[PDB]
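Can you make the complete structure from the sequences, with help from the hints?
Residue strings, one per chain:
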Amino acid sequence: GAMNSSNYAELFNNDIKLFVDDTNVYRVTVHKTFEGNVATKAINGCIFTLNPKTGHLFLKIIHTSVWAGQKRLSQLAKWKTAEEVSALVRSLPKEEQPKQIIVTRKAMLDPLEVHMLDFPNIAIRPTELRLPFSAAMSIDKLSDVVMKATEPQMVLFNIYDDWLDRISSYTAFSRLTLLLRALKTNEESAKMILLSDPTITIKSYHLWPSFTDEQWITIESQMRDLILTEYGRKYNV
Amino acid sequence: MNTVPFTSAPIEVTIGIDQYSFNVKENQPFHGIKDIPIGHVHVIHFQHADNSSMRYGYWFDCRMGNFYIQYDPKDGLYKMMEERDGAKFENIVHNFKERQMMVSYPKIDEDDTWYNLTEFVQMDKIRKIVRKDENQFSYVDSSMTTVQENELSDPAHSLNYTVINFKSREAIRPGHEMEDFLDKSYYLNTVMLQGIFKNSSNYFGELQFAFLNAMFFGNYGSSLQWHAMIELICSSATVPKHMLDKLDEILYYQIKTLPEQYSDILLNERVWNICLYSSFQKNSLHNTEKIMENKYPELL
Ligand SMILES: NCc1cccnc1N1CCCC1
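If you read the sequences in order, they're chains A and B. Position 55, counted from 1, in the first sequence is what the deposited numbering calls 1887; the numbers after and before it change by one each time, with no gaps. In terms of the deposited numbering, the second sequence is residues 1 to 152, 170 to 317.
Hints were generated in silico from the structure; no laboratory data involved. C-beta: ideal position from N, C-alpha, C; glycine also. Keep in mind that the hints are not guaranteed to be accurate.
Output of the computed footprint for chain A on chain B, the stretches with three or more beta carbons under 8 Å from beta carbons of chain A [stated by the list, open to error]:
(1) 100 to 108
(2) 194 to 204
List of simulated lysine-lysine pairs, DSSO-like, C-alpha gap at most 30 Å [as the list claims (entries may be wrong)]:
(3) B:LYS125 - B:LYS25
(4) A:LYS1938 - B:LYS307
(5) B:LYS25 - B:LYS79
(6) B:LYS128 - B:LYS263
(7) B:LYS273 - B:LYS263
(8) B:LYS125 - B:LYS184
(9) B:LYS97 - B:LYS215
(10) B:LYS184 - A:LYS1926
(11) A:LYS1903 - B:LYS184
(12) A:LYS2016 - A:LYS1864
(13) A:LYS1938 - B:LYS184
(14) B:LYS299 - A:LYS1903
(15) B:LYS215 - B:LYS263
(16) B:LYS184 - B:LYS263
(17) A:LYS1903 - A:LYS2023
(18) B:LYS258 - A:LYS1903
(19) B:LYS263 - B:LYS307
(20) A:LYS1973 - A:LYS1873
(21) B:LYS184 - A:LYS1931
(22) A:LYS2016 - A:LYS1980
(23) B:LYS79 - B:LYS132
Here it is in structure tokens:
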């Protein structure tokens, strides 16, 4: 069935599963035509497909050329996402294919179901959680590689850097969702917190800074404050 | 005109023949139904006074033999049987007619309702949906499940309607995933019409039969099948012009014949709103839309 606060720990068991988010697949800047009408111009997007246990991120880059001459793009994007997730599964060895795919948006259920007909034993599931994966394009290295792509391209990352050496998956996912939720609510502030101390760097092969365990607690606390804070500047509390 | 005589009526029962019905009291002198229009299938059906559970009945064609009804006190129902002794039968009938103990199939001459509801329904196709080849007639009741319902238990007692499933490989061409899901024309025209049903007439016959089993027996699987066969046409961008016009006539007479106080259970909101207002054929069903709007604007 659906994934929610009540079955949250199933994410970190030993059944392979993937989250699929499509909110950065079709991206537009809206603008005005010389005639004073409005047009969209597409920019490169990405499918955010993530193993929450291992941190492996399959970042499928969606080049604006995909959309050329197509109609009803917002609808097409859901079907392109489903086509690319299905191709990814067929590319994986059998022992690496997921048992479940959790879509972050319910509109992906039928598109993905139909593309995965060849995989009747892979459960396609929605979720009641409001996951912050839309903020993935606030991670500088992921944004950079998407905008620079000149062709369709798949790039592989570990979104947990080296965290699993010191913490569990449950803890790593919680950290990830805290960071992403903070970048989503106030990107400017979130990014100030991460880069405040010039002495803490981001390794060439990592996405996030190299915080000690003590500094990660300080960071995490600063992110929580922000997420509440911005909950007061919005709701006035 | 043909006749279906009854040996007796030992238990109080409401007897229907096609869209007509009458109440028979316990041991009331009752011996049959006469003046049955030849050239159409017919359905005789029964609802006992004491256990309105199980509506049941028999699909038959008077051209395929002489049929009669006799109550079975062991199995507890009115059973249809065939009489092979032709003279025995005519004699039975003529004597019962002489005693005026038969109800006259009460057809208004103006009225084409039954023809319109059974236009494409053939006994030969019914007998393939209801498998019991030792009898020329077909038993159906409220509780029988469909082959598809079974998939998701007694198969000899199943309704073997054509399986329709919009998220299936039969329905979706490899590599046309989105195209075929949003426009079902491939599944309608190539898979079903050309491949399985062979022509639109056999398609419509199964659609009409499913509706009639839903209406007369409250068969849930039949209602599901009726709605699925409608949705597949309405969700196809490309439908022969002759099918579209005929479908409008078909559905018109089905909604027309439906009981006003059953539209809650026998009609599927989603299918009808989509079919009449959102689908490819939203504008191709004028007569059906018109009678749905004037009669069931609560569903929409
Ligand atoms: N032919 C009508 C009829 C049908 C069946 C049983 N009794 C009947 N009637 C009751 C008294 C008049 C005749």
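Hints versus structure:
no. : hint                  : in the structure
1   : 100 to 108            : violated (count 0)
2   : 194 to 204            : holds (count 3)
3   : B:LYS125 - B:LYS25    : violated, 35 Å
4   : A:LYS1938 - B:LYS307  : violated, 35 Å
5   : B:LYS25 - B:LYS79     : holds, 18 Å
6   : B:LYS128 - B:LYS263   : holds, 24 Å
7   : B:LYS273 - B:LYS263   : holds, 15 Å
8   : B:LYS125 - B:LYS184   : holds, 26 Å
9   : B:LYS97 - B:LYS215    : violated, 44 Å
10  : B:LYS184 - A:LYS1926  : holds, 24 Å
11  : A:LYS1903 - B:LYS184  : holds, 23 Å
12  : A:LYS2016 - A:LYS1864 : holds, 27 Å
13  : A:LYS1938 - B:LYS184  : holds, 16 Å
14  : B:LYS299 - A:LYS1903  : holds, 21 Å
15  : B:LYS215 - B:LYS263   : holds, 17 Å
16  : B:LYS184 - B:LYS263   : holds, 27 Å
17  : A:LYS1903 - A:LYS2023 : violated, 37 Å
18  : B:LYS258 - A:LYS1903  : holds, 27 Å
19  : B:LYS263 - B:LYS307   : holds, 15 Å
20  : A:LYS1973 - A:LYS1873 : holds, 23 Å
21  : B:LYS184 - A:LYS1931  : holds, 19 Å
22  : A:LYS2016 - A:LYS1980 : holds, 22 Å
23  : B:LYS79 - B:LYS132    : holds, 14 Å
In this structure, the hints that do not hold are numbers 1, 3, 4, 9 and 17, in rising order.
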